[PDB]
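Form deposited without the RNA, single chain, as structure tokens, below.
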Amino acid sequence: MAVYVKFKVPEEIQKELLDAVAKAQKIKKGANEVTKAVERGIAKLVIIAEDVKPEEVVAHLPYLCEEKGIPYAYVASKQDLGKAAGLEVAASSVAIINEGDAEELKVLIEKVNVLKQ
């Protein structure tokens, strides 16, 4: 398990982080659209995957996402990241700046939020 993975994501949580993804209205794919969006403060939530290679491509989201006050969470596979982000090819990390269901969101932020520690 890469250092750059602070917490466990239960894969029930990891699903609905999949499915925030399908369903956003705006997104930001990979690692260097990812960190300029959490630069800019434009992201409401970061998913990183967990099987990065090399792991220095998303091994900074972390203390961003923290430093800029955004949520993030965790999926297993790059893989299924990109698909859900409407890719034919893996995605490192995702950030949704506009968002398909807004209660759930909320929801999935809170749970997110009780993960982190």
Contents of the next structure:
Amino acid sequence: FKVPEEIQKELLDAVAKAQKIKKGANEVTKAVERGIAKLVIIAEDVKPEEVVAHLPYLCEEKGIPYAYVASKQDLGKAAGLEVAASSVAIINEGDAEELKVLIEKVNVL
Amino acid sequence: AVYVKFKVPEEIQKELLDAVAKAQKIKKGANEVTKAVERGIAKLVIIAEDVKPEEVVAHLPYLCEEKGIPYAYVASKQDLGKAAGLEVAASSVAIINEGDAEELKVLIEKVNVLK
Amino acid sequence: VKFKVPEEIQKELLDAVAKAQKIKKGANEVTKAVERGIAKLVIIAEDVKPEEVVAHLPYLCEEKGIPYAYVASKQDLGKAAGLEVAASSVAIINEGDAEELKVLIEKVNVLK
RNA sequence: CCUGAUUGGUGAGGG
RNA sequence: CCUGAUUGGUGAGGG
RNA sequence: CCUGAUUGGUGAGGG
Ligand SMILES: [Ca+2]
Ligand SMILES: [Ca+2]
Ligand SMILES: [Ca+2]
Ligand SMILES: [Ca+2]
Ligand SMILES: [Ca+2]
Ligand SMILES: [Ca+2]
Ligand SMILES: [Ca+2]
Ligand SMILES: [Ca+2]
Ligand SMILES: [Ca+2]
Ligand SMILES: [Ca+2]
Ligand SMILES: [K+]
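I would like to compare: after the form deposited without the RNA, may I see the structure of the form deposited with the RNA bound?
Up next: the whole complex, starting with the chain shown before.
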């Protein structure tokens, strides 16, 4: 589905303030398989898309929230990296309240 | 690490380190711990989770299981060494004589549940 | 006291104790060590009262072939063993210097 | 050779 | 061999 | 009860 730029900015902001996160397809997938992932953010410009094509299905199966952001380069920066990130998983939010809200807004779509 | 057979909550890890600190007689280090388990005098074996190469302590869980000796884990070898009264790390510790029988029995039971 | 030990040699006995890597302090631990055959040298204080507490040691060591000697005071022996109190007897399990022990055991074995 | 505790019961010293 | 960062958690290094 | 370290690995504490 498509997420509004307003929300994406909030998603990127959410990753930036998070206390603990996982960066990278391998670690994100593990975080979801272990169920320690609270929210999963996925980049829309991942090529080949096959790298993250399995995430949406896995999250729903594990009952974990997930949304998309336009830039993997932007997602990586929000994760504290100097390089891109195809996906990120928030393990410990920065502001519990905001997260619960952000998650609800996403679940709407 | 593959040698860590089960997850021990941080609160219980604290209890394990406390047990080591209050113990009347312990063995510290892989060689003395292994000798104690083989001699059958260990009552509880505590293994650090961050030992590398893992091969140094990987035999302990299996050995204890064979001897019917209780074992558990703590996250840091540095913390375990400190609890054992050292200024350095310890990959493992064996409690030979606990400080209080009842406390040990309760702790061992809590571990057997996590097991 | 089966034999007399020169003050100079008693000093060496006390120093051997202080330098040892592993010792047993006290009648029960000394006796257990001799019985288990891990004691290399037993030192007995001469002013133990009742003397019955350590009376068995000379015979036990002889029966085990373990070297033993005496020192004037239990207070000094205890201090040498690292205690703040007296010790009726001490057993050296692991000395600090092999050569020295062998030399001391010799000096004592000739005094007997 | 230089570095200098970044090492360490993952086994020192002694027997 | 040349180019020289155009590559990149899309998994380096380590165990 | 008083004395108050005169006691003490000549075996405390723990298992
Ligand atoms: Ca250090
Ligand atoms: Ca240091
Ligand atoms: Ca050695
Ligand atoms: Ca670039
Ligand atoms: Ca670049
Ligand atoms: Ca590729
Ligand atoms: Ca006194
Ligand atoms: Ca006193
Ligand atoms: Ca008495
Ligand atoms: Ca007792
Ligand atoms: K590393």
